[PDB]
Amino acid sequence: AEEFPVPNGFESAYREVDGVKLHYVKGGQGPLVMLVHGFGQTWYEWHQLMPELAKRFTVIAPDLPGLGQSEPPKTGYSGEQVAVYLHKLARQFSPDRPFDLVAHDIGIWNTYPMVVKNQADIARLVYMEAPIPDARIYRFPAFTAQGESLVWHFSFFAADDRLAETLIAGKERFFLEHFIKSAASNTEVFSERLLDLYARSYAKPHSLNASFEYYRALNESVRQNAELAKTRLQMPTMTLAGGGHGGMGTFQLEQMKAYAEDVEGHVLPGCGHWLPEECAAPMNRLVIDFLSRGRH
Amino acid sequence: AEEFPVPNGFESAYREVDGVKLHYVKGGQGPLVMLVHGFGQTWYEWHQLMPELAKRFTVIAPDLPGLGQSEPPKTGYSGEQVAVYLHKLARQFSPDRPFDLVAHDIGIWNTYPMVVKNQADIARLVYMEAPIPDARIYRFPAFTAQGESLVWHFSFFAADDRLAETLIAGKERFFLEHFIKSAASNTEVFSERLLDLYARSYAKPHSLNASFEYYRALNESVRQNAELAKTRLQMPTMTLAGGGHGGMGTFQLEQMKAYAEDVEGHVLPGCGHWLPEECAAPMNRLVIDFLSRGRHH
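From first to last, the protein sequence lines are chains A and B. Quick note: the first sequence, position 2, residue 2 per the numbering used here, numbers continuous. Quick note: the second sequence, position 15, residue 1015 per the numbering used here, numbers continuous.
Keep in mind that the hints were calculated from the coordinates and are not lab data. C-beta atoms are modelled at their ideal positions from N, C-alpha and C, and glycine is treated no differently. Incorrect hints may have been included.
What the hints assert, rightly or not - If we take Cβ atoms under 7 Å as the criterion, some of the chain B residues that face chain A in the derived model are: (1) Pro1141; (2) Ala1145; (3) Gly1147; (4) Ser1149; (5) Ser1155; (6) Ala1159; (7) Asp1161; (8) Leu1167; (9) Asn1219; (10) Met1235.
As the list claims (entries may be wrong) - Straight-line distance between alpha carbons at most 25 Å, and here's what the computed PhoX-like set of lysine-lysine pairs gives: (11) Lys1171(B) x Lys204(A); (12) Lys1204(B) x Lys171(A); (13) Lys1230(B) x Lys1117(B); (14) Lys1230(B) x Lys1257(B); (15) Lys1257(B) x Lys1117(B); (16) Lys1181(B) x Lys1171(B); (17) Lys171(A) x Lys1171(B); (18) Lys1117(B) x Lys1074(B); (19) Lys1117(B) x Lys1088(B).
Said to hold, decoys possible - Here are the computed distance ranges between Cβ atoms for each label pair: (20) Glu1227(B) x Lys230(A): 47 to 53 Å; (21) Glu1192(B) x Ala120(A): 54 to 60 Å; (22) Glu16(A) x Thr1166(B): 37 to 43 Å; (23) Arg97(A) x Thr1166(B): 45 to 51 Å.
Could you put together the complete structure from these sequences and hints?
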């Protein structure tokens, strides 16, 4: 059974990586591009980009460990631990050539360490809508003169006593709608059917827990990255951020400048946090053009 | 019915104030001292301090509107609106003489406006463990490297769609134990028995909603206080703060210095947010001593 409809010409499949059964959807021909989703979502957030990208690239979109249809990690949920699974998965399909990486939301947390540690393996990098975990996150305000801040959920999700699972269980559909729409500019793209699909997936008890374990490991990820960041990224990089309600604005590019020698960035007016769904056409265009500057 | 045990020699009663029935516990003789609780709690947090004060003062401890056994406010939940109820209540019992005020947590939010607008009615003031609503609250971090963010719950509670009530309804007892203990240094004082009492009270549906309305009005309270703070507090004031896990530390006194001409502050080591329960002996002593510098029975 599939949690989300697979696009025509793609296959839903599984690979064991270090004893963890990872789910992915894969299609196309050419050099490999890996697309990595974030919280509240699955591989499916890429379903509109995948068909167009598959015209020029072999495209793979995995479910993060514990989410979608992927087994939980056996090591842990820190960025460095999770990135190993994603790196080895990619290498199973692109052993002889570097591959491209596109990541969104906590997809960034779960890929950065494998990028900085295996630079020869990464041809081009696209990062959108999420801080790389570092001391910058400790400056985000708890509360704003407009109400809810962007990242108060960091503390909610990281809290012990299984605070988040306990409060959210039985109300996954309600919570996810509030969470997604509150960080959106374009709330309409999130139909009741779409939210139904996402809620059913993350409502699996192991997935609801997995979701929050990423946040419970965030400080550890920050400590890990403090060491990793001593080495700058050298591959061509592009950042994307939403310029509307819910988006990161200039933060995305400004942070990445401290990490990457060769980076260009765009802020998309009228778009919030969920770029692939809120602003699919221009996001898809920018990603395709950026990756197509290389061999394909 | 009483949600919490009234101390010997005290009475539990009600007073209608501007159409709102407020519950309070009262005892003792002498000048009036009003003690105002905050979130997650009721008048009962003061129950160990009350008998001691009542030896020298008339002591009144009301339930905040909508919380404990008090009706919700009819006007609104902003500090200025709620402060009217508390000021009028106090003044029914002390119409011809100034009274003392002790406030904890959102008790501060709900009293600061009536203090600044009626300075002659307030003899002495003790504030503990909460920021006065102003621009400083927008600088607290959402997420910390060590321990936990002190005020991330502001956003949770203020969120639209009744996010907090919807998630917490039916799970009040679980949520309150986590909330209280995560903001405590001495977690051991929060026995299951005591937590049962507090949770039962704020589980009343109107109380759960009321709790969050105070946070939904926080920005409005900030805007109100921006005008009010143009006049400094002139009466003797004391701040207390926990120095341990969950406490405000030096922030309490540092902010109060911007509001008060006459302030002394204390940070209590090994104590978190819940001073009256976590550190009863030193907190009670500091409060009784400070209030007893003024005229008392």
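Quick rundown of the hints versus the structure:
1. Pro1141: Given a least distance of 6 Å, the restraint on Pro1141(B) holds.
2. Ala1145: 6 Å, holds
3. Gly1147: 10 Å, violated
4. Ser1149: 5 Å, holds
5. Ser1155: This interface hint holds because 4 Å falls under the 7 Å limit.
6. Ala1159: 5 Å, holds
7. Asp1161: 5 Å, holds
8. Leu1167: 4 Å, holds
9. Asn1219: With a minimum Cβ separation of about 6 Å from chain A (threshold 7 Å), the hint on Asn1219(B) holds.
10. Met1235: Status violated, d = 30 Å.
11. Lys1171(B) x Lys204(A): 20 Å, holds
12. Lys1204(B) x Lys171(A): 21 Å, holds
13. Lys1230(B) x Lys1117(B): Within the cut-off at roughly 11 Å; holds.
14. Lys1230(B) x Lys1257(B): 13 Å, holds
15. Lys1257(B) x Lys1117(B): Roughly 18 Å separates the two Cα atoms, so the pair holds.
16. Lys1181(B) x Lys1171(B): It holds: about 16 Å lies between the C-alpha atoms, which stays within 25 Å.
17. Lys171(A) x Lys1171(B): Given that 25 Å is the threshold and the Cα spacing comes to 12 Å, the pair holds.
18. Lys1117(B) x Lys1074(B): 21 Å, holds
19. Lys1117(B) x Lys1088(B): 13 Å, holds
20. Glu1227(B) x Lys230(A): 47 to 53 Å: 50 Å, holds
21. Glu1192(B) x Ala120(A): 54 to 60 Å: 57 Å, holds
22. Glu16(A) x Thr1166(B): 37 to 43 Å: 40 Å, holds
23. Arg97(A) x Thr1166(B): 45 to 51 Å: 50 Å, holds
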